[PDB]
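Here we start with a single chain on its own, the form deposited in one PDB entry, put down as structure tokens.
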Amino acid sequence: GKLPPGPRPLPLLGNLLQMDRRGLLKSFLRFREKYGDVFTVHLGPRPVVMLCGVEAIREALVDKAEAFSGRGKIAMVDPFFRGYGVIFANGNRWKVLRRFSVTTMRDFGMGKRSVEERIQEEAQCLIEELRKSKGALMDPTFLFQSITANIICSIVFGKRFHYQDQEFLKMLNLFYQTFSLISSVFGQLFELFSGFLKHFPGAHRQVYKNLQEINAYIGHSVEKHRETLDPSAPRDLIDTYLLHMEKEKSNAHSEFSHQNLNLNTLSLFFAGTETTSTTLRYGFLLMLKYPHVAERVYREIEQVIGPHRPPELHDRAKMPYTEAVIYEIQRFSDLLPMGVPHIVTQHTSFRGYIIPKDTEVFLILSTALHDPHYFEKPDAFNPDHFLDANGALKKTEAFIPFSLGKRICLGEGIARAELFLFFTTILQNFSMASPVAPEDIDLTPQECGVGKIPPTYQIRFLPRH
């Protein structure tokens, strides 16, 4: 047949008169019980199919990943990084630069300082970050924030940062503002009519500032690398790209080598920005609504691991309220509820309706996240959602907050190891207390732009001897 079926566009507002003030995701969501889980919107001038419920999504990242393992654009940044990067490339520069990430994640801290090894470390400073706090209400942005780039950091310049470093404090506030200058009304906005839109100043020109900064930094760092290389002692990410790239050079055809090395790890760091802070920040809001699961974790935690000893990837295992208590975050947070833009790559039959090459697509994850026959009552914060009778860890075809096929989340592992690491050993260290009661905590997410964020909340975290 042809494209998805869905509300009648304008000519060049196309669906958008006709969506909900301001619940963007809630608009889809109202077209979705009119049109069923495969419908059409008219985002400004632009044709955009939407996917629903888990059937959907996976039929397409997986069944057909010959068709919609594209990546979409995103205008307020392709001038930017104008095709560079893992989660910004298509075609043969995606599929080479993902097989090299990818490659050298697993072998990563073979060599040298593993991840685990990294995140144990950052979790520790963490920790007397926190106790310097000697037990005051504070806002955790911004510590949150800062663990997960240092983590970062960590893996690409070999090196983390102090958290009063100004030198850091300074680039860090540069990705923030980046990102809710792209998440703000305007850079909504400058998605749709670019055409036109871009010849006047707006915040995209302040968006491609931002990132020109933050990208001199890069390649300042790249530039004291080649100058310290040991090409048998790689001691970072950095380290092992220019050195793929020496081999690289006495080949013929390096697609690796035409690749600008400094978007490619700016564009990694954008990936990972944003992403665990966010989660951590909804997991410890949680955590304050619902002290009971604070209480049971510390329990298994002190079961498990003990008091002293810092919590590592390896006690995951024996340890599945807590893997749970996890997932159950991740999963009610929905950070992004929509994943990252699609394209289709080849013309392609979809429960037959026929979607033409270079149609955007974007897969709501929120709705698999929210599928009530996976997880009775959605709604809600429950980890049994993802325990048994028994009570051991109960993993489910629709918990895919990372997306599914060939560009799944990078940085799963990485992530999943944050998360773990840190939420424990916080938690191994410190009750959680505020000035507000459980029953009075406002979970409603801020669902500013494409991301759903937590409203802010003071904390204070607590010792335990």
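Rigid core: the largest C-alpha set superposing within 1.5 Å between the two forms. Positions refer to the first chain, counted from 1. What changes on going to the form deposited in another entry:
- A 2 Å or larger CA shift between these two forms, after fitting on the rigid core, occurs at just one of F256, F350, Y374, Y163, namely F256.
- Positional change of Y241 between these two forms reaches 2 Å or more at the C-alpha, relative to the superposed core.
- With the core superposed, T178 shows a C-alpha displacement of at least 2 Å between these two forms.
- With the core held fixed between these two forms, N215 has its Cα displaced by at least 2 Å.
Mind giving me the form deposited in another entry, seeing as the form deposited in one PDB entry was just shown?
Chain alone follows, minus partners and molecules.
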């Protein structure tokens, strides 16, 4: 008959004095102990409903999709995106951009490469680079970002960038820094007190600046595309958008605007790059800490694929152990622990509570990924979490790192293909080493907010043979 129960708030501060210094997620997990799976937290001036566990999350996103499919704000990036692009759009804008993005992220036209082939080619470029790396120590972040960025680039720009391109690397650095700043303790505080903190210097201003710098490239690329556009033969996603723009130009309210073009494109690149690369970063740190897992994956690669033939998506069904390892990397790395904020679009009943229209909702994906009923000892890295007694792949409904329902990650298929192909192609060709003994490796995230970000680390890729 009212909102879900929760800690008693104070005017101005909301529930600040009841929060945990370790961050938002820890805070909400402490509230879950007391209130259960459905509760309200006042983040500064705003009530936010938290939903925990796969049952509550699925009930909201799947069974009640007519109410829970709205997109909420991330305070650190809202001043930039301002509801433009598919991630941060609502209503008809979202309908149009989602439909457009889904179609263009999968259909490239006659005589164009499949997603699979794009990844396989990028994987071969990566192996070549790693061979030329001379077994040197590196932080692999730049390469994990390059390979994933290049998949999106091939779709959006119709090209890839070279690993040596300093201007490409500058953009990748901006994505990396931005994701870290957003996920920082300041970024989390801003979620509570943006109304006040927006008047002062801080990370929010650096985030704005970083994003506009990336956007500057996108805008210029759009103009280059427009100058060379052949309506009979669109080259890429940008061309296809420009054609819709032309078609709808007599409509002043067309969603196919330049602001949607720039910011949808930026949205796709940001999500397409930072998600998969961060997962890869964690994945290889985990392989350094658990070398027996990496050794067992390599044995499976040897037995199924061999040393020379490039891995392909068809190999997945015959590689239950490798698939389990990747599932477990995703489960353990818990990329977006609180997902991306939703908003309720209409007055709704949920488990006896009344949630008014326009009430922000966080689906705490982390609580599903760490559910001890689905994953025994969920705090530990263990590929057996995704294997049955016979060593066959055991998929589970608790595995929801891409979320669920209408807003489900539109890049899920691309991401899974990237994870499998890049992971297997690297391990086929290289073993890993570092100066830190497995027992000494610390998996504690460098940042844990909107994103869970692994610590920096050094690694060697040693050619096999």
